[PDB]
Structures are given as C-alpha cells and as structure tokens.
Amino acid sequence: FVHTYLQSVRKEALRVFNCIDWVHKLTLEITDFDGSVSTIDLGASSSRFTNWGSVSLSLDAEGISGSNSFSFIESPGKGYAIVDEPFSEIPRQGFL
Amino acid sequence: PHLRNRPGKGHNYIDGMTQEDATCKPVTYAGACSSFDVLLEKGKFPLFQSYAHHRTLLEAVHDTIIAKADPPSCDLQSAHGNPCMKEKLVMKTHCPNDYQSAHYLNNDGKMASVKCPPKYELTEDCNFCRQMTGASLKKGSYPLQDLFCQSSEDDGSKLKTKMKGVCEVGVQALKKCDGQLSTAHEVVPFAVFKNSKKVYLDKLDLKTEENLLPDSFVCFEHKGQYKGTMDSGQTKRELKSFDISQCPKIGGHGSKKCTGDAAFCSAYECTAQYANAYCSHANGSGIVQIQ
Amino acid sequence: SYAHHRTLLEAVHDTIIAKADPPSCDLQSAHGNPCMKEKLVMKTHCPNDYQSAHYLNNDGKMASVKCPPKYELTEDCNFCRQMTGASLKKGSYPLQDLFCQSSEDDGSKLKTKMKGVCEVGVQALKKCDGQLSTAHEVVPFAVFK
Amino acid sequence: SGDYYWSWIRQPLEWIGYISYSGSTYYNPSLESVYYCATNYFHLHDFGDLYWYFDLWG
Amino acid sequence: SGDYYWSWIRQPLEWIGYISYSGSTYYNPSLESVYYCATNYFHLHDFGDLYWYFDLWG
Amino acid sequence: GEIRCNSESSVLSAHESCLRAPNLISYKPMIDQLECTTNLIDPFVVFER
Amino acid sequence: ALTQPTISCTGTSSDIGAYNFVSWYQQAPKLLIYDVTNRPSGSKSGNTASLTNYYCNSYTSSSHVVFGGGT
Amino acid sequence: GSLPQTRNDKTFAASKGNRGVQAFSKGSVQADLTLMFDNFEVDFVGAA
Amino acid sequence: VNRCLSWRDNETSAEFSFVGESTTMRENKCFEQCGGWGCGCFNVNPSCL
Amino acid sequence: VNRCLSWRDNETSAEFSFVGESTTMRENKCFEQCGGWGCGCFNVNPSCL
Ligand SMILES: *[C@@H]1O[C@H](CO)[C@@H](O)[C@H](O)[C@H]1NC(C)=O
Ligand SMILES: *[C@@H]1O[C@H](CO)[C@@H](O)[C@H](O)[C@H]1NC(C)=O
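Chains as they are written, first to last, in the authors' numbering: chain A, 834 to 929; chain B, 156 to 446; chain C, 205 to 349; chain D, 31 to 42, 47 to 67, 94 to 118; chain E, 31 to 42, 47 to 67, 94 to 118; chain F, 930 to 978; chain G, 3 to 7, 19 to 40, 45 to 57, 65 to 76, 87 to 105; chain H, 979 to 1026; chain I, 785 to 833; chain J, 785 to 833.
One or more of the hints may lead you astray.
Distance condition first, Cα-Cα at most 20 Å in a straight line; then the derived SDA-like pairs of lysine to any residue [said to hold, decoys possible]: (1) H/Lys-988 x A/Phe-905; (2) C/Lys-294 x E/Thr-59; (3) A/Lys-844 x I/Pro-830; (4) B/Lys-199 x B/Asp-280; (5) B/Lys-274 x D/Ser-67; (6) B/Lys-358 x F/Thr-967; (7) B/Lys-362 x I/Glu-816; (8) F/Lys-957 x H/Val-999; (9) G/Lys-47 x D/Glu-48; (10) B/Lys-358 x I/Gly-804; (11) C/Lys-274 x B/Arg-392; (12) B/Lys-391 x C/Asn-252; (13) G/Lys-47 x D/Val-94; (14) B/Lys-382 x C/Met-287; (15) B/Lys-293 x D/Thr-59; (16) F/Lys-957 x A/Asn-851; (17) B/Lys-352 x B/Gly-264; (18) B/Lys-319 x J/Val-828; (19) I/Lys-813 x F/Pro-951; (20) F/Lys-957 x I/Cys-814; (21) B/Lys-382 x E/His-105; (22) B/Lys-319 x I/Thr-808; (23) F/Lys-957 x H/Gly-998; (24) B/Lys-358 x F/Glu-964; (25) C/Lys-274 x B/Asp-386; (26) A/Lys-911 x H/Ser-993; (27) B/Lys-274 x D/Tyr-60; (28) B/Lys-411 x E/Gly-108; (29) I/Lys-813 x F/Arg-949; (30) B/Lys-197 x I/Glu-795; (31) H/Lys-988 x A/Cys-852; (32) C/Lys-293 x E/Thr-59; (33) A/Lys-858 x H/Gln-1008; (34) B/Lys-274 x D/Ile-53.
Sample of chain C residues facing chain E (criterion: CB under 8 Å; computed from the structure) [as the list claims (entries may be wrong)]: (35) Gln-232; (36) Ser-233; (37) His-235; (38) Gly-236.
Just so you know, the hints here were simulated from the structure itself, not pulled from any lab data. All residues carry an ideal CB built from backbone N, CA and C; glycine is no exception.
Build out the structure end to end from the sequences listed, making use of the hints.
And the structure:
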C-alpha cells in the first residue's frame, strides 16, 4: 500500500491567464483651474466623475483590437511573461 | 459554553437591578443571566455573536471603558414628564416580554437605560410600560442595540458623521435642507471613539489583528479538580472560570502553576509540574479597527 | 492492524522496554516536582473513570501518570477531578498508539532528522531565531535498542 | 381617584411598602415576604409619581 | 483548613484508612469492607501530600 | 445593456431583478484596503453620440 | 439606611447623590421640606443633604424609599 | 518568456505601473472627449 | 478554507448582517490572504476577507 | 415590487373583483410608477398601476 502526497517546493506561485480582447485606454492629465494635481485614465465610451462634474471619452474609431491565442504568466512582485500555448481550462500532462 | 468565560470582570448587570448578582456578577458557565443570555439566542444579535469574545455594553461600562450618561436611567415612575425618551423614540427596537429595563448607547457615547415602574414591563416596541397581574419580570435589562465594545486609546475628537445626501440621521442634525425630504427607517452602522460622540457610517470596513494580551486568553479550571479551588467531590462534570492574572508571565513571577496551548506557552510561562488551570487562546479576540 | 504484536505493558513485562526513573511519580505525593513535562506536550484524550495512564517517554522507557485515590483523569488527561460515587477502572489507559516487539538490532547512532523543525515534542533539534510556526501535529516515531 | 400611592410605615420610621392606584404592590426588600399610612395627597407633581413625599399620615 | 488527611490507626500499629479534606476515603485493602487518629499537621510539604508522616496523635 | 432591467424604477433603484453579465466587478484585494471598481459603458455617452 | 447624628443626612451614591428627591419630617410626623428646598430651609452637597425629632427620607436607584436614622 | 517579446508584430510589454500587459500594434484612433458642468472658480484670481 | 473557496456569490456573511434583507443587486466574495504573525494572526493557515 | 414585476397575465387583481368570473378574452398587467409626495404617496418606493 502506497500513500502519496504532493508538497510545494518553492514558496512562490505563478498566475496564468489569457486576454480575450484588447481595449483602447487613454490617460489624461487634468490641468485644472489653480492647480494641476489630477491624473485620470479611461476607456472607450466611458465617463469618470472627476471634480467640477465629469469627463467622458467618445473614442469612436475602434473600441477593440481583436483577440489572441497565447497565454500570459504573472509573478507577483516580479513581473509578467508570455507563453506560446493556447489557454486550456482542462489540465494536460506535459504542458503548463 | 465557552462564550460564558467573559473578558475582564464580566459584570453583566446594571445599577438598581442588583437582584441577580448570583449569576450576573462575573458571568460563568454555571448560572443564567437575563441581561446576557438573550445575546446568545440563535438569529438574534448576529454582530455580537460573531465577535462573541469582546465586551458587551454593560461589561464595557463596568470596566470604565464607556461612561454613564447624566440621569443614568431616568425612571419612568419619577421622570415621565421630562424630555428623557427622545433618543429612544427615534429607534425601532423590539423587546421580548417580562422585561422591566432596557439599556442602550445614547448619542453622546455613554450608556443610558429606560426603566419601567415596578411590576410593569416594556411593550413589544420598548416604548410603553404595561402591567400584567401575576407576571414574573426578569431581573436584568434587555440590550437594545447590537454592538460590541473594546478598550481603546486612539483619539477621535475630530471624528464626525459624514453621510452624503442625508439631512438628519437619528437625533443628529447633519445640515439644514428645504424641499422634499424622504423620511424612512434604516439600519445605520455606527462607531464610538475616545473623546467623541456617536459616528454613523455609510460603510463598515473593519479588520481584526491578534495579540497576546490577557484579554485574548480563556483560562478555565475543573470543578472537583485536585489541588485547585473548589476541591471537593462533585456529582457533575462542570468547568469554572480562572483569572489569568495569577499565571506567571514568561521570565516572571506568579502565584499559580498554569498550562495552556501553543499561543499561551509562547506568551506566558507554561509549567513543568502539575498545573492548576488550562489557558487556551481566544477563538476570535484581538483588536478591531474601523476604516 | 498489528494486533498480534505486544503492547507497551506487555513489552515492559517481557523486559523488552525498561521502566523510567520514578516509574510513575504519583500526583498525590509528587505534584510539586517537574514530572508532567513530556505529558504536557502531547494532546491526548482519556475516557472517564480512569485513575492512571501510561505512555512511552522520551528516553524510550515507560512512564505513567497516576491520579490520587478516588480521583480520575480528565478528558485531556492533564488534571485529576473527583466524582462522588464513581467506580474507577482498575487499569491504566494507553495514551499512545504503538506496538512493540523484541529486537537485537543496535540503534545507538540513531537520531531524529527532521527538515525545517526547530523542536519536536520535548526534543530541541536545533536553535533558531525569527518566525516560529508552532502547532500540534501527528508525528510517527520509533524506538530502537 | 387622583393617582395616589397608599403606603405603610412603621415605628418600633421604616418604609414597608406601597399599593398603587393600579393595584401594583412594591415591598421593602427585607420584608418582602405603631403603624401609619401616609400618601402624597397634596404635593402632586405632573412630571413624576413622587410618592415618598408623605403627608396625610394615618 | 490546610489540606489535612485524617487517618485512623489501631494497636491490638496498623493503618486502617484516611478521610481527606476533599471527602475522599482510602481504606486498607484487607479491611476495605486502642484506636488513634494522627495526621500530618506541622511537617507539610509543598510538593506532595505526605500524609503518613504522622504527628498529633489522638 | 450589460446591466439591463425591465422598468425605469428598477434602473433607478438598482433592483435585484435586473440582469447582468458574469464578472463585471474588478476586485483589488491589496493588503492595505480593498479596491472595488469596474469599467462600464456609459449609456448616456452612447445616447448623445 | 441613611446616616444621621443644621442636621446632616448622609447617604451613598444611590440616594441623594443621584436624585434630588429628599424630604424631611418633624415628629404622625409632619413634612417640612420637600424637593431639597421647597417648603409648603434645606440644601444638598455631594452625597449629603443639610437642614437648617427630624427625619430624612430619599429615593434610591432601586425605586425604593430609604428613611434616615433620626436625630 | 519575459514580457518584452514580439510575436507576429505585436510586441506585448508591461504597462506602466506593472498593473498589466499592453499590445503595441499599428493603428490609430479618433478621440473626442467631452466636459460637463465644468465649474472651478475662486475670487483671489481677480488681481492682475 | 473549505468554506473560503466554496463561497456562493448569493450567500451573505454573518459580519454584514446589518444589511440584512435588501432588494439591491449584490454579490459576496471571499478571498484568502496571508496567515502568520507578520500578517496579523497567530495561526499560519490563510486568513479570510 | 416583487409582486409588481412578476404579475402573471392570467391572474386578476383584487380591485377588479366585480368582473369576477368572465368568459371574455382578457389580460392583466402591472406597471410601476413614481413614488413620493409629488407623485401622491408618502412612501418613496414606486407605486403600482
Ligand atoms: C441562493 O441562496 C440560497 C440561500 O442562501 C441558496 O439556497 C441557493 O442555492 C442560492 N442560489 C444559487 C446558489 O444559485
Ligand atoms: C392561470 O391562473 C391560475 C390561477 O390564477 C394559475 O394557477 C395558472 O398557473 C395560470 N396559468 C398560467 C400562468 O399559464
């Protein structure tokens, strides 16, 4: 009789995800009246409730830029990376 | 019934209603206290039941954490023509039957209670006193609000209620408004800080951090236990409360041999001889901080 | 599972396992002595009406805890409590789950080798400073000649 | 009629108890289980039932 | 008060039994079912209940 | 119409009967304080466009 | 009960210290001073009332009536 | 496969503040942002 | 931990009982965090948010 | 409101009970309206038609 259990070797983990689509995203610096301490970020057809009302962005050209078939890895506090395999929701032996 | 090992003194009684000192002076596993057992009923007082190892309002009052208001409890028998029942009438409560008193935390951050005349009981809304012939009133007071208290030194003199779109909450007049006024009854969370008044909040973002202070340990003893208090033959297996002030601190002096779990042994000095009491670490205790 | 191997008491009576110094220091006469040290680091569970309980101490011998007369060991086997009109059992509760046997293989060079352990039970494996995760765990153990 | 509290006092004073207009009875804690009867009959207060302001002694 | 063991001895010594401060009774195995009563009253040990150090004989 | 309702009152009161897509809310459980935020198409902007 | 020997009626925090309902009787005794000062002269300070056979009674936190020892 | 990698002319890379990834691709957009209720005025600015 | 990952989005925690019954659109999540004296808890198993 | 949106078309309201049982083709609807003193009702939750 054999009882086997897995244990983690390194005290770190990696997060694997995929990008279904890419979205245009504009960063604005709001040089307000008597003071320019205001920086905002917003996407297509979206509004942000800043001071003195709100600021909206149309960006009517293209709200998307297609999709992809790779996978992305994130190591928290260390950065990101790209792996050239399709993102599979079912585990497979010999893969990521 | 580990929840009946109260932190601090555990004095769950109110001034004047001192006819239940057998079981409401320090609350132990044995007796039954009317002003405490209501908190442990299933489905009622869920916020305290989550933070079950923190002090109640009466416990905080008896530890001088929370002060007592001016006219601490203006009796309806002698002061029913005085502007007393003002903060109570803006709350929507629900008292059970056979209760002659009920305590709450008033606007100033102190404890005030409503006491019916003798032989009367508070109605279902705790607003009126009614008399029933041949009824046995409970000896305690019903806790009106769902709250838990603790000991803090953080100052809050600059803390004030900041609610958006609210002209007036409870008895506090936030601002002056004219026109439409949607008036309703709502469940508002609130907090009380040192040197401040009641502070109503739009959101409740609170976190707890653990420590090794004496209030975070539950120390008990057995009844009939050899070489301990109440060392006599028993007909039932029951526990007894123990005071952690006797167990020596690590690298220190004490009066009783004391053993416990990992946290206690890390904090206090666990004995190598026969122990007098067992000191476990509190289920959920700690220090709670509100955002 | 190993039901046809000797118990701790059987191994003691066959001279396989020795008896510790103070074989069982009675709590009636030696409650102020540093006896209950290896027992206090174990998490046990005794039934009721038991006046004694035996275990295999660190040195590889058999020790036991005996309550004063008419007292019984509590549910954690750490204290003695007295019940009026209770009939105590005449034996001692085996604290540990173990089986013994007769062996001639030498083990004088055998020692505990646990990775990432500063201290297990009553044995101080090494000296460590900093964070120390302290817990109760089920550790298998063996005793050799 | 008039919301009175009929109380009993004794001198071997010491308050024994009162019976109210509503039939509610309140007793001294020691005696829970010359004799006079005095009640607040003239100095009535509109804000409270100050029944210990004894006058009109029996 | 003082955690004493009141024991009975007889001489036709021979220990009969003791009754403890806690009410626990221990008897001689043979007699389980002149008379003196001596208890350890002065030479108390903090580490154990050495009740057979008999003094203050009855 | 990622979040859609059946009446103006349901929209103005955020009633639970309104339907919405899976995973609209973005959670940032960083150790100091949580950040609950989401990016939603403003229907008024599209209406004015 | 209250402690009695200007006659001074000294009590605990429950009576006099909390409530201002203390009255005096002269002995079928006759009531002289009610509500500390009102007369159909007395005063209060801390837990002790003063009046310038005289008995003092007061109202306790337990809704009871406590009579003085008497002078 | 650290991020600064180019695949079929896409050149994915870390976004500023390391909060995600980007995608550098040939293209352009038309942006017409709108202000609303813009009111930010004080009195001390009356001086020249 | 078993309750921590298997938290249903439509089930409310006991801490937020002052919300009680509400008709607003709402969801509930549970996130594991660090466990240890540096995190703030004596236990080393992961805490919950 | 829960009864208001979930109104079955074949279920008759209690107000129109003088109709009672009829063999004519018929349907029943419920519409939310304003709620507030300007609308005509002290409550601010939406009324029903
Ligand atoms: C909604 O919650 C109830 C009670 O909490 C539960 O019985 C029901 O299964 C839940 N609905 C789901 C999980 O779809
Ligand atoms: C018609 O009405 C009856 C009673 O009102 C109901 O039981 C039945 O389900 C309805 N038919 C539907 C909803 O198709």
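Hint-by-hint comparison with the structure:
no.: 1; hint: H/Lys-988 x A/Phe-905; result: holds (14 Å)
no.: 2; hint: C/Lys-294 x E/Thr-59; result: holds (17 Å)
no.: 3; hint: A/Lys-844 x I/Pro-830; result: holds (14 Å)
no.: 4; hint: B/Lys-199 x B/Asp-280; result: holds (16 Å)
no.: 5; hint: B/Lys-274 x D/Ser-67; result: holds (16 Å)
no.: 6; hint: B/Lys-358 x F/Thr-967; result: holds (19 Å)
no.: 7; hint: B/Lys-362 x I/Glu-816; result: holds (14 Å)
no.: 8; hint: F/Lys-957 x H/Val-999; result: holds (17 Å)
no.: 9; hint: G/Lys-47 x D/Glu-48; result: holds (15 Å)
no.: 10; hint: B/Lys-358 x I/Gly-804; result: holds (14 Å)
no.: 11; hint: C/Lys-274 x B/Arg-392; result: holds (15 Å)
no.: 12; hint: B/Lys-391 x C/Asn-252; result: holds (12 Å)
no.: 13; hint: G/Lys-47 x D/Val-94; result: holds (16 Å)
no.: 14; hint: B/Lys-382 x C/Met-287; result: holds (14 Å)
no.: 15; hint: B/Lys-293 x D/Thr-59; result: holds (17 Å)
no.: 16; hint: F/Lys-957 x A/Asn-851; result: holds (18 Å)
no.: 17; hint: B/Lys-352 x B/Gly-264; result: holds (5 Å)
no.: 18; hint: B/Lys-319 x J/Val-828; result: holds (18 Å)
no.: 19; hint: I/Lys-813 x F/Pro-951; result: holds (13 Å)
no.: 20; hint: F/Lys-957 x I/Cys-814; result: holds (12 Å)
no.: 21; hint: B/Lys-382 x E/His-105; result: holds (13 Å)
no.: 22; hint: B/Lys-319 x I/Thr-808; result: holds (18 Å)
no.: 23; hint: F/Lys-957 x H/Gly-998; result: holds (13 Å)
no.: 24; hint: B/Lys-358 x F/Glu-964; result: holds (14 Å)
no.: 25; hint: C/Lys-274 x B/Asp-386; result: holds (13 Å)
no.: 26; hint: A/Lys-911 x H/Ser-993; result: holds (14 Å)
no.: 27; hint: B/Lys-274 x D/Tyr-60; result: holds (8 Å)
no.: 28; hint: B/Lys-411 x E/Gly-108; result: holds (15 Å)
no.: 29; hint: I/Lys-813 x F/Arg-949; result: holds (17 Å)
no.: 30; hint: B/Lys-197 x I/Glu-795; result: holds (18 Å)
no.: 31; hint: H/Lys-988 x A/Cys-852; result: holds (13 Å)
no.: 32; hint: C/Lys-293 x E/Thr-59; result: holds (17 Å)
no.: 33; hint: A/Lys-858 x H/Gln-1008; result: holds (12 Å)
no.: 34; hint: B/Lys-274 x D/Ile-53; result: holds (11 Å)
no.: 35; hint: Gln-232; result: holds (5 Å)
no.: 36; hint: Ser-233; result: holds (4 Å)
no.: 37; hint: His-235; result: holds (6 Å)
no.: 38; hint: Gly-236; result: holds (3 Å)
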